[PDB]
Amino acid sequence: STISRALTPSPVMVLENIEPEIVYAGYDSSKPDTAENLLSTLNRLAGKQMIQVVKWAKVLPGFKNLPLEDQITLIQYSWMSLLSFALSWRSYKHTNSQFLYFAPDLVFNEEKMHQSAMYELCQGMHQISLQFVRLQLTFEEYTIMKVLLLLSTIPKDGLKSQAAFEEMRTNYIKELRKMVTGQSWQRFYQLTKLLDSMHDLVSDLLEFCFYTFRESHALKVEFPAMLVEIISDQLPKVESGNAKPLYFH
């Protein structure tokens, strides 16, 4: 047992091992970069990324101590935070925050950001990547923060297993605290601040997403079944005031 306990990978080590492989957009560079084409491509990429999110959630420590309804809830609430945060990370790691690195076959410069018709939302996410450069964010801090985003929104009256969620959330907050190890406190607070700031960015991304979804026929913006499922459930929940964002500050 002493050997067993000592060799057991730390939660952070597991997070590295389970991090999904970077996914391809299947961006069709032969179609013109109209807003309609780009947004439909982003939605298709979102579908493929959500496949990976679910797989990663299956094997996420603490996350299976949670009832199936709570797991589904948290993913539906936070999928946008997870995917936009991962975007900021890939942009930071693969292009030194020069570009928005959606996929290896789909990298946005300024021109694409304008063409997508969500220029300001792209800017918001790029700004997060530029903060990654200011902070020199580490993969370790990144993976923990991403789990904290998964646990950043709950039903206004709580989850089916509120105590286990609370326990799991505190453990990852602890993991973050241990990982940032005067200078220690300041980094931790800068990271908690960045996480908080994701709620406002994500509310704006969701607002655009929900709008585009409800008008997808007029807009000619396609959504894959994966996204149709998530948004169809999430939209009326979020709009009935059933979502509660958790803030550090």
Given for the second form:
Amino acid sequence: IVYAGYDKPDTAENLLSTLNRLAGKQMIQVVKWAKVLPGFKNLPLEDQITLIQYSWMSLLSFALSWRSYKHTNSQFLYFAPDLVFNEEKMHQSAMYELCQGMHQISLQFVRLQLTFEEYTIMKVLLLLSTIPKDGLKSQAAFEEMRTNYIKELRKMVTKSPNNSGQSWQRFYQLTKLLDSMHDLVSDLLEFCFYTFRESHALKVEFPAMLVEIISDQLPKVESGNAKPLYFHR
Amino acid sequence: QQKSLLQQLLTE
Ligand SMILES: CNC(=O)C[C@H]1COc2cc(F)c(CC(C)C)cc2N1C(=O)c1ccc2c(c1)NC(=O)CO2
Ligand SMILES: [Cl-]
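The form solved in complex with its partner chain, contrasted with the form deposited without its partner chain above:
Following is the full complex, with the preceding chain placed first.
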């Protein structure tokens, strides 16, 4: 459970700095989770780093949707126990739009009554959702791992008695939800890349973990060396 | 030479 330490005047700059500090602390937890994941643990170090650098925002967004769903029935974005709000608190158009988009994903968790077991496998699929344009160092090992997790989700959904009569439709709704994460996450990253580059002028602070990740991720994304993987596109 | 925080956490 990572706390935000939400202080200072309520400005967009100060809120973003608080969220970035929080995102850096959450990222320490994400790396520890990824490190012991079956299959991933076996990938070469450069590939493990590549995958986390492309999908960090997707992993944080999906975890935010889960917290929001579990703690507020997706009425608010539950960033931390001390930082809970939705788009209604946003005065700037872009920030309102990004919160509203995140709110809509969390509402899909309510629509589906997403289970913790589904969430756990789907989170792994997001870690494996973007690769380099020319693939990874161990592209075959990665492809086997990704296929195995897709099959794990499919089997869990279709075999569950809670889904009888509509399990294949549910599996396709879950994979459509994973595809919809690409659109939202691209928008969040565009905002993040902007505040990162304009950090001094905007007064938006970033912790060392994020400075290092964004510095490696941004040239990849800018050069078109980012291949998103879709289930339905 | 100096390792990133991500590399440190993945290798510790
Ligand atoms: C601690 N993070 C989390 O719990 C969730 C993560 C991921 O999903 C989010 C969804 C969301 F609607 C908002 C609200 C913003 C858009 C007002 C933030 C985040 N998250 C971010 O970290 C984040 C995103 C874009 C940014 C930044 C930070 N920093 C920037 O400087 C601007 O771009
Ligand atoms: Cl720091």
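Numbering follows the first chain given and starts at 1. Only residues modelled in both forms are compared. Rigid core here is just the name for the largest C-alpha set that superposes within 1.5 Å across the two forms.
- Large C-alpha shift between the two forms, rigid core held fixed: of 115, 143, 97, 81, this applies to 115 alone, with a displacement of 2 Å or more.
- Core superposition gives residue 215 a CA displacement of 0.2 Å between the two forms.
- Once both forms are overlaid on their core, the sole residue range between the two forms with Cα shifts reaching 2 Å in three or more consecutive positions is 109 to 117.
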